[PDB]
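Visitor: Residues per chain, in single letters:
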Amino acid sequence: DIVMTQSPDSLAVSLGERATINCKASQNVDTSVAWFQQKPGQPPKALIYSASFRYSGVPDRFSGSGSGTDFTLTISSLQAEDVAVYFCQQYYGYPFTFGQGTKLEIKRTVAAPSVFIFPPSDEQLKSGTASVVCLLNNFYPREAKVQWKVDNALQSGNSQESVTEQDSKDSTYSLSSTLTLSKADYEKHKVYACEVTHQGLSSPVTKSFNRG
Amino acid sequence: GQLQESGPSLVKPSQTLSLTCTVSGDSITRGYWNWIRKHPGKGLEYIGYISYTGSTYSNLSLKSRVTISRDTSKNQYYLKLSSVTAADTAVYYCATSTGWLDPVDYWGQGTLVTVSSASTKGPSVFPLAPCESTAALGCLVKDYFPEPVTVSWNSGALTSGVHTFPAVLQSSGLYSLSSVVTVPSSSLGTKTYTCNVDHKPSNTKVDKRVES
Amino acid sequence: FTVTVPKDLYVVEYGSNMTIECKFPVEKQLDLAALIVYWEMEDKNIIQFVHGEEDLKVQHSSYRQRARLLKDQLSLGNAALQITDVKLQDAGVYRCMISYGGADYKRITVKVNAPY
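Residue numbers (our numbering), protein chains in the order written: chain A, 144 to 355; chain B, 939 to 1150; chain C, 149 to 264.
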C-alpha cells in the first residue's frame, strides 16, 4: 500500500493564529490527495481534493498545498469551531489509504472549573451499590486533579473519570469522576468530599456532603 | 445525498459481521459506494466498494473475509465480514465517491460494531442531584453493554450546558456514563429537566425527570 | 503511473474475434498480488481482476463466456481483453482500469461492421 504518514499527531494553536498539518506519502501520488475534517460525533467532512483546491462551501482560511510526496493543510485565523481531527486520503492507487489523523486543540486563557458533587440515589442504594459523582465544568487547560476523600481518608483505586472533547464554542473541557463503593462500605462513613486542583484555582476547592 | 448504516452493534467472535447502508438523495446515482472502518487507536482502513456496474473491490488486508453486495431495488448495499475477531471492533462507515479515482467525499455517521462473547445488558438510570446561582443536574447510566448509549435532554430541546461524558469500562465488563446539565438555580422550581436515555442494543428507552 | 493504449479505435467485422490492448509499466517481475484490472463499458463489467484473483460472478450477461482476460500476458505489462464472435451490441466505448502501485484508466471506442 501507499502509506500516508501525518505529522503531528496533535497540535495546540491559539485562536486567530495558523495551524499546519503535514501528510507524507511513501511514494509519488502526484496530486491525488484529499483533506477531511471530523468534529466530535460527526462524520468526516471533505475540505480539499486534488491537494490544493477547496470543496464548495469550505471557508477561505482552509488552504491545501503540496505535490509529489509532501502535502500540507493550512488553517489560518483559527476559530473555536475548528476543533476536530484532520486527516488525509490518497486516491492515487488502490487500496485507498488515510493518514492516521491530527487532533487540533485550541489554546485559550485559563478558566477555573465549577465543581459539583452528587450523592448516590436512594434507588441505586437499594441495589447494593453507591456511586458518588464529582463534576468539573467548563475549565481550561485539560490538566486537572480530582482527589476523593472519605472521612478525611484519601481514596485510591476506587474511582474512574472521563473527559469531554474540547467544546467547539468556548474551547473548554469538562470532567466527571465517579467514586464507586459497596452499600456496606458507603454506610460506614459520613463525609464524602471531592477535592479539585486546577491551574485556574488559587488553592484546591472541596465540595462535600454528609450521608444523611 | 445521505447515507445511513444499520445492523447489529454486537457480534460474537468467529461469526460474520453483516451491515447495511441505506442510500438516499443525490448519492443514489454516485458511481462508487464504499465501506470504511476505524479500529480504536488505529487509522482509518479502507475496506472496498461496489460500483454502479456491479463490480466490487476489497482491500487485500481483508479480501479473504469480505463480501460486498447491493440491491438497487431497495437502494441498499451491504457488507459481510466473516470470522470476526477483536481486531474487527470498529466504527464502520459507508461512503460515496464520484469516480474510480476520486476521494471518498460524502460520509455516513458510522456505526460502532463490537465483537465480544458478552451478552447484551440494558442499563440502569439513576438521578444526579445535589444534597449558588448555577445548579447542576444529571443522569447516571450504569452497567450496560455494549456501546453506544444516547442521551438527550428535554427530548432534544435543551442542548446548552449539556455535557454527555465518554462511557467508562468498569471491572465488571459493563459500561457506565453520566450526562449532566448546568442550569440557573432560579429555574429549578419552575422548569422541568428530563434526560432521555436510549440503549438501542437492548431496546431500552427511559425518560427520567431529575429534580432540584 | 500511466496506462497506455496502442490503438484509440478498433473497427471490427461482425462475427470476428478481437483483442484490445492495455499496456501498464511493470518493473521486472509482475507482483500479481498488487495488480488490479477491470474491463468494463459504461454500466457493464466484463472482467474483474483484483489483487491477483479474478471474479467472473461480477461479469455482465452480454459478455458471458465470450470475453476473457489472457493471464500469461499480464507478466509483460499487457492486459488484453479477448472478445469472441463480435456483434453490433458490443459496439461502444470500452474502458480499462489498472491499479499496480498507482492507477490509471483509458478508453477505447469500437465499431462493428455490418454483415457482409
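Hints are computed from structural coordinates only; laboratory data are not their basis.
A portion of the hints provided could be inaccurate.
Listed below are the simulated PhoX-like cross-link pairs for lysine-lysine, each with C-alpha atoms no more than 25 Å apart in a straight line [to be verified]:
#	chain 1	residue 1	chain 2	residue 2
1	A	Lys182	B	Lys976
2	A	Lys188	B	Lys976
3	C	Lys205	C	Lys192
4	C	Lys155	C	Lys205
5	B	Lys1001	B	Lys976
6	B	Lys1059	B	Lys1001
7	A	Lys182	B	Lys1001
8	B	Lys980	A	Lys246
9	B	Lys980	A	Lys167
10	B	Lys976	A	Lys246
11	C	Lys171	B	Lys1012
12	B	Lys980	B	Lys1012
13	A	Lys269	B	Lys1143
14	A	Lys269	B	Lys1012
15	B	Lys1012	C	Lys205
16	A	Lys182	B	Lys980
17	A	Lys188	B	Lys1146
18	C	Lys171	B	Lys1018
19	C	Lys259	C	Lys155
20	C	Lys192	C	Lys171
21	B	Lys1001	C	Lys192
22	B	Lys1146	A	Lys326
23	C	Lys155	B	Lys1001
24	B	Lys1059	B	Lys1012
Distance windows between CB atoms, simulated [what the hints assert, rightly or not]:
#	chain 1	residue 1	chain 2	residue 2	range
25	B	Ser1071	A	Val146	53 to 61 Å
26	A	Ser270	B	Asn1013	21 to 29 Å
27	B	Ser1110	A	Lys250	25 to 33 Å
C-beta: ideal position from N, C-alpha, C; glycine also.
Visitor: Now tell me if each hint is right for this structure.
Guide: Results for each hint:
1. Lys182/A x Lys976/B: Given that 25 Å is the threshold and the Cα spacing comes to 15 Å, the pair holds.
2. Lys188/A x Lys976/B: The hint holds at about 16 Å.
3. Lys205/C x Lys192/C: holds (12 Å)
4. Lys155/C x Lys205/C: Distance of about 29 Å is beyond 25 Å: violated.
5. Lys1001/B x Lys976/B: Holds: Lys1001/B and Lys976/B sit about 17 Å apart, inside 25 Å.
6. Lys1059/B x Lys1001/B: violated (33 Å)
7. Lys182/A x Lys1001/B: violated (31 Å)
8. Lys980/B x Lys246/A: holds (13 Å)
9. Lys980/B x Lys167/A: holds (17 Å)
10. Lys976/B x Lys246/A: holds (15 Å)
11. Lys171/C x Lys1012/B: Status violated; Cα separation ~39 Å.
12. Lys980/B x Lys1012/B: violated (33 Å)
13. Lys269/A x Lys1143/B: holds (22 Å)
14. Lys269/A x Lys1012/B: Given pair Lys269/A, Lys1012/B is violated - Cα atoms ~50 Å apart, limit 25 Å.
15. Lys1012/B x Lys205/C: holds (21 Å)
16. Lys182/A x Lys980/B: holds (17 Å)
17. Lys188/A x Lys1146/B: Outside the cut-off at roughly 35 Å; violated.
18. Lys171/C x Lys1018/B: violated (34 Å)
19. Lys259/C x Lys155/C: Distance of about 13 Å is within 25 Å: holds.
20. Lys192/C x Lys171/C: holds (22 Å)
21. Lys1001/B x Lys192/C: Within the cut-off at roughly 22 Å; holds.
22. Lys1146/B x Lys326/A: holds (23 Å)
23. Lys155/C x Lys1001/B: Violated, because 34 Å separates the two Cα atoms, which is more than 25 Å.
24. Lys1059/B x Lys1012/B: violated (32 Å)
25. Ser1071/B x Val146/A: 53 to 61 Å: holds (54 Å)
26. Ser270/A x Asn1013/B: 21 to 29 Å: violated (46 Å)
27. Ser1110/B x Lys250/A: 25 to 33 Å: violated (39 Å)
Hints 4, 6, 7, 11, 12, 14, 17, 18, 23, 24, 26, 27 from the list above are not met by this structure, while the remaining hints are.
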